[PDB]
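Chemist: Residue strings, one per chain:
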Amino acid sequence: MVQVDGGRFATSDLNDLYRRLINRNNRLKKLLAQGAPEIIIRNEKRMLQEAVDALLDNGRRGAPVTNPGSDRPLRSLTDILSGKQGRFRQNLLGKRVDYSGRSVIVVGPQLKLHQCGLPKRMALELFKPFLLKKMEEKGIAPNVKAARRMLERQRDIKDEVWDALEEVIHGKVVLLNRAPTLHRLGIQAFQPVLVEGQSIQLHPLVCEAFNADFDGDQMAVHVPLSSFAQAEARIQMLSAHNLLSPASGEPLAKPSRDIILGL
Amino acid sequence: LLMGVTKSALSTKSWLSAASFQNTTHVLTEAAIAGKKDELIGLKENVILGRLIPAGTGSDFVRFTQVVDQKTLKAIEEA
Amino acid sequence: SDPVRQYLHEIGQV
Amino acid sequence: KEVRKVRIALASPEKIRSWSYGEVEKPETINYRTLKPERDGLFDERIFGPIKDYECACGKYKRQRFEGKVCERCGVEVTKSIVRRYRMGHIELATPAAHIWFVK
Amino acid sequence: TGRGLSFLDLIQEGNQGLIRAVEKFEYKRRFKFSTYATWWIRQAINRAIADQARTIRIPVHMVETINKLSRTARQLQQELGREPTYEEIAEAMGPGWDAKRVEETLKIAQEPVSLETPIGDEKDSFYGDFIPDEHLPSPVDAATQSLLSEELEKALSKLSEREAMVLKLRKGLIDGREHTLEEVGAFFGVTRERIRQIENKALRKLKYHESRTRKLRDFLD
Amino acid sequence: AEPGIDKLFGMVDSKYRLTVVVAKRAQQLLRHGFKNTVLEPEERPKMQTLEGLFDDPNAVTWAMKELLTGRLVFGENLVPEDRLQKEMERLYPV
Amino acid sequence: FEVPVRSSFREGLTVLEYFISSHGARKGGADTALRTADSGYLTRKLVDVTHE
Amino acid sequence: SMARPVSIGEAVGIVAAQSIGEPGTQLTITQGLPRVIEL
Amino acid sequence: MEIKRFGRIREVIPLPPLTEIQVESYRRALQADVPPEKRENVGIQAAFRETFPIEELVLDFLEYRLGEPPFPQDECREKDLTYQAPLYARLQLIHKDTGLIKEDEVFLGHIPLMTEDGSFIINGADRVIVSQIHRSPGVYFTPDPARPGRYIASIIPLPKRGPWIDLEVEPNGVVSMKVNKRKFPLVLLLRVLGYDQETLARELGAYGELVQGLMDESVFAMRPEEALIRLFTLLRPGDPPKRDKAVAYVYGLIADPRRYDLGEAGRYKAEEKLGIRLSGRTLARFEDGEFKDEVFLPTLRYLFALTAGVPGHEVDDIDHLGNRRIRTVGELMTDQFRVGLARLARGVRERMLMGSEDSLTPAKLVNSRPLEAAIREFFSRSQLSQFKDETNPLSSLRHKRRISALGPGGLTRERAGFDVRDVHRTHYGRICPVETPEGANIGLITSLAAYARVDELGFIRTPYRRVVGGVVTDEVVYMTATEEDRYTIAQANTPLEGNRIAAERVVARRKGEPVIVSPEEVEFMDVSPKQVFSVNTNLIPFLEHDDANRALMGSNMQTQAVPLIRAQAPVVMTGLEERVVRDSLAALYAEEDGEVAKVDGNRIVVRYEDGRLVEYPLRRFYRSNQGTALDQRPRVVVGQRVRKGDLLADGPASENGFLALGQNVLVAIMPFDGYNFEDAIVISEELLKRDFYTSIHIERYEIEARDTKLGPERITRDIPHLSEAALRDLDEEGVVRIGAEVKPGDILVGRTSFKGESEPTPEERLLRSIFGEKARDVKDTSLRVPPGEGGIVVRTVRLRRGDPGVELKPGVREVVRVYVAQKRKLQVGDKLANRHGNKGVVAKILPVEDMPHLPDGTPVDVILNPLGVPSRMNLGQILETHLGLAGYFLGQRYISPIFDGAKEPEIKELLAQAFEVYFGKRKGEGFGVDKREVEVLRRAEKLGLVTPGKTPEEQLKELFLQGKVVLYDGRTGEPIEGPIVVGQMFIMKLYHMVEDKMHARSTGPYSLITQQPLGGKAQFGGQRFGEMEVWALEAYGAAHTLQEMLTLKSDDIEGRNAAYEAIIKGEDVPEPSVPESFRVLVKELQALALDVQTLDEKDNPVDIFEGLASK
DNA sequence: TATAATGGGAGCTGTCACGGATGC
DNA sequence: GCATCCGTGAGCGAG
Ligand SMILES: [Mg+2]
Ligand SMILES: [Zn+2]
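Residue numbers (this note's numbering), protein chains in the order written: chain V, 1 to 263; chain E, 1 to 79; chain F, 1 to 14; chain R, 1 to 104; chain U, 1 to 221; chain X, 1 to 94; chain A, 1 to 52; chain Y, 1 to 39; chain S, 1 to 1111.
Think of the hints as simulated: they come from the structure by calculation, not from any bench.
Cross-link-like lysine-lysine pairs, in silico, DSS-like; alpha carbons within 27 Å at most:
| no. | chain 1 | residue 1 | chain 2 | residue 2 |
| --- | --- | --- | --- | --- |
| 1 | S | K825 | V | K120 |
| 2 | S | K709 | U | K107 |
| 3 | R | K15 | S | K1111 |
| 4 | R | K52 | U | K107 |
| 5 | S | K844 | S | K825 |
| 6 | V | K45 | V | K30 |
| 7 | U | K154 | V | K138 |
| 8 | X | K65 | V | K112 |
| 9 | S | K511 | A | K27 |
| 10 | S | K1111 | R | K80 |
| 11 | S | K1111 | R | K69 |
| 12 | S | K1098 | E | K37 |
| 13 | R | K26 | S | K1111 |
| 14 | V | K112 | S | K844 |
Using the sequences and the accompanying hints, generate a full structural model.
Modeler: So, in structure tokens, the structure goes:
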């Protein structure tokens, strides 16, 4: 039971469901010492049972409204584990991740297969921990806490910051995910090329594999962190390392549309 | 005995893989009664707990490899 | 089922 | 140690009381004026743990000085607040009740 | 029916009052039992509702103050053809009631909203998913607080182990307790005013280490 | 593509073993701060800056390069993990 | 339809030739979106059988 | 994908499931995608 | 520019008022204009008449009335309160047997009001109520899916009034009536109805081997008041018949016009279906004292005559647009009002007993809470009450003419087969076939047709022309979906001389099925081809050439176009674009013939015939729901004479009264270095320069200052430890001054909240002492501009207590709203489309020098990859370029309606006339043919494009006539090897712009329970790595990169605090621990009575809570 | 705490296909 | 052994 921005309280459905059980337990306790007849005691023990059923798996008998006001079932212990939304598919078999971004994709004709366009401002925040370090070895900040306060407001961005960001990214690669993520090649590791402007520049041949077009298609970026995660990305995951389909043995990156026509 | 992919997916030995699939109210109760131990042989089991998956760069075949320069090589060679 | 309905009939016995 | 196995099994009422740091005998959650956990309530500093790290309910015990120490006035161990995500409690039932998963 | 207690709970709480009445009933009075039972049933139900109908629990006297506040607001709506001001109710609620009191009562009467309240017509989103966790320190915060204990341990090396220990003991960096000067005098072998002197000179040597180095400054917040 | 890659898949029994070797070596160059390297200074991976040429920052980029030259020894159970850790921190203090 | 659309798109359809079309398109559009929920489902089954 | 022998420790199931699953949206005198599911 | 307009088709009736389906339907439900005793008993008048009198004392309803709005429309928007009017209702409490009355006027609260355009206001936020479609109340017979020759009868009431009823013949031949999902012999009912074995053999007996199944039980033929009891106990167990409870449960199931109410529609449907007359919308009658039948026998006679085939007996469609109906804003609200009313009446009968049983006003006998909350429900928290989409005038219109089979009272998504979605032959003239959501909603949400109108029974009607003889009357007959079926109806394309049918055969439809017919057999004729397609679909020129699937984007994508600061109406129009500006208010108009007096940007004043000086203020630069800018621009000058109907001001996007979504740019269709690869698009910087596609968008930020438990929150110029650098633009009161520029991270309004309980870390008590300054009492709470947003501060709205005009939430001290507007130039990542459903992201902005041009230096504005066309099959965009080619040169725009419009022949001729201005100028100017133009006329003829041997002047003409010209390359100076199609095309800047969409995160906010990062741009949170994404990692076998997303990068708390520490320091990343969302699962399971335990390889336990949850 | 009062109230509907259990 | 019941599922983004 927490206080939101407005000061108001927001409580979990499990709390009105536990207070229901507690109440029927503590009235059942009172009735039995008061020596109630068997027709009342029958009743109170039956209700103690649809409190335990509402709590554990609700909707397996009839569904408790939080109040008559919302006909929304109170979300119970079972409801929380099972579902698309359940604790399992939502939380344990996939997560929201820390270093990641999203943008609109735009055609990449110039970049080499293994490369892709990354807007300045995305690359800044994605590598922000690495950049605060690189700002310390080069002189642009006394330390981290100073360097961080320097990047907080947008007029405070120095030219050396940028020329230092280039120093960070060297050799590293990132992952591009267009969803639907249908098969393995729907996430490919590219080496980023910092570009001005606000969108991502995708390489033409991999467009077909991702089922990307630019109708306004958007793609997510993730940053592999460990010196391990890097090796994985750059060796196996690279866009230029997977040129055939795992599905049939046939070439996945093939001359596509303008390119077939050109030739 | 032939069975379809939904039955065989639930029927898998490991119940972390069974219960992340469907009929969780059911998977868990038969698993719980049976006092089922789950060796994490499979991906889903491992992915849940955050453990390194049994495939790729976690595969025990390739997982264990060690790299060393020729300098340090002949160097510890004495004993 | 319907504990209201069943309780009522339990009450209607006396 | 390292984890190679995960076992799931039904817990006897005693195995639960093992897990359980105290009984919630009252439904109330918070107090209406000072929003602080009610005694024996669903949120209780006594049972589940202190709201704020290493600090008992009435302020008498603070900082790190006391790791396993329990206030006499309040009833709250002084330990990392994060125990509130971990510690459990029980409600002791007047009549035994079936677990709908084994019925239905 | 609709007051925050389920039918069956209202019946059970009512039954509990039927029992109170069976023990209090004097048959010599010619009244039929139904007359006397009715009073105790209505009393136990109203106690029950006022007790159990709120997640955030409110005292019984306080409950009916808020209720009286509601009915008075409603009456004033019926009269004014619109919702009343805090001050219009405060008048109609008689002496001792100002706008400030009518307001604070209302805020105290605000019931908590379920975190599971759906967002959008799709089943996909919940309210409590958009609610951040303010308690547990973000990675930034935890990183900063460590770089603080590192920066304080680097600037306390410039002091001798005695004068740095006077400060380490007195501000609570060790064990979490702040010791009075007589105690740092009992531990070191110095008189209480001598440990106030080597605490002041060590704090002063720190001030020069700071004005010269420009390290601890960024922690100004 | 990544340079000499084909020959890097010819070096190993399984492509994911080469990745482990690249990842572990890169962590070693990081820890010892590049001084345990098997590269002679002309073979140094360099980075093009504003100022001029500087050493390539990516310990991975390095490690792949170290590999193509026969300078390095990979395999299973070469040396106990004690010896290896210490003899490298002696040879190259960090 | 017992009668076919005679026009090419270069000629252009008729108000009625057009109408007939939208029957096909509409029933094809709802097929494409309905088997889409089923592909990704089947997909998730296969992943779950064969993960180990 | 490499046109060479498989590298030990490849995750093959998740590969196979995907390879089968990616076209599914395309299965159309036709029994189509449900025939597949039926099987 | 002069407008030449194609096609000879004449429109007998113009388009109906287009917002009529809302405007009219809500006015009918209220009747606020009508004097109280002339109110016709529909809508609001009906709920009162139904719910009253309230029986036992009798409280009776007399009349209702509607007062004036608490606040004018605008005020309601800024102040976050609803646009509404007080409703008072006059009641009289009568005494049973005393005779006494007391008659008082009770105040029923407020009811929401519809604005001029057919929309509502809710809390400062415009909403549209959206019409709903459902199976009409009535009596339907569908073939039993069980057996071929058997049929199930269905009796359907208004959805929440009364149960559905199935009448089946089989298995054994007895009539089975299913209600509340319980099957019993229908026979038993008939006895209760005043039917005996004789009266039944008479009318019903005629059908052999059937009636025999019904009368099988003679034992049931015994008595009405025994059978009533017997049945009552067949419906509910354990409930003693009581003979009172039997009649009250049976009447309240069937005969109570209160509980069971057929559609007023449904009433007619069955009267016509079974050919009987109903007294009321009831099934049966309570006529004293026996139950008398109406509905049941003629539905049973109809079923029995359908079972064994009898001629004249119909199965029904249920997808037919006579068997489906539209519930509009007026009916949809009346319902929620009928439910809010009968709860209030419930509250009456409970208080009609208890209390002073003697002293009761009507005032004290009535509570509005069930009614108030019941309407606030419908408007506020409903599905059919939708946040109004006004991106732009068309968005907001279409939104009104949107139609849902969705919403409570109808279908969900899993529920809709191909049936409901399918285009059904009676969607002709009524619903749009084109404008439907693509993807998951398809065929559920649709737009109403252009000429289509919704009648009193909520069935859709389309206009047709009566044709008598060979002549076509100019009278328009508006026909129900069903009554269209009785006639033969020609197309509007069919030839005419005067009023006469001019062909030997015309094309017509009987019951929607296409057929060729003599001029003698034609009963009616289409009004125009325009009647078939949604308003949106009708804005698409040459649409007769575009494939269906792309036209759907043509329609739907026009709803999306962002209003441009220099906006243009298409050089190629279908003619509606002028009146669409009208019907949904965009433009401003003159009310009577008159003369203009004043001219401002802010206001325009007119003097009429009357002499009355009439002022129209202009709405300037106002923010809309999506943040697009509404401003009306003055279009007339001081002292200009205007007749009634002339334009005084242009809408947000309108060009001299016409609809301007996009601009007309000059586009060449060629692949360009793969920059237009895969539907991407390349741009002359010449658009940026002269401010094409540049558009204005206001965003609104808001901030609250409350009364904390720990003190006040103050909005002040004073923020702890903050440089003047930061406070510079702020005023003295803490609010940013108007007209200041703002960036990301900057302060909009500054605020100080009192700090929490202070445990400054021991590291703080030392640092505090060192620097000598004392820990301030107030944290810095100041609201700032989010990343990637910013602009000019155009307005500030401040509200404190002491407010005469608005309501302030409990505990809330003061509220400030700051308005930040940005003028966005077109850019890369931004999105454009055209009217033909061609759509792309902008990939490259070339300089004007690199840009492909003509013989004269004039460069193209756009490059469009030809590859986009042929798979997409939309050829109208080609014809938009071709005609748009010549309209460039001739200096003219055209009107070419759908399906009757420009044929290529007349266009060709227009190209020939354009060519002469093009070439004949260069020929007079003293310039012959270019040396490249030759090398191209070479390859052109090698392509069969020009006739070899003609002059280059006649070859450039034959090429130009194909709409292709010789295009020179910007970069080389050498030509483009072929001739290329170029010409003016209407292209619009769409809603989705990168400025909005780009986001990237490092570390940040985490949800409470899971510890895992939040989603979405402005809560600032990480992308979802979902089940499908993890499979990718796994397949690649990237183990660590996966363990990262699962551990360090999401909920593994210790791992991520230490991961970030590790990178900062410049160390390699730590070894992940247990994901915190795993410990959430163990403890949820223990909470489920399930012990979960990790284990050793030794089977011995392992603690992942590190000892905190064990004693 | 005393007049007498004694068995609810909602009624939500164009899936669908599946497999495994329960019934005739 | 078939009819028939019940309980189970049904592919990023912004709000
Ligand atoms: Mg796309
Ligand atoms: Zn204490």
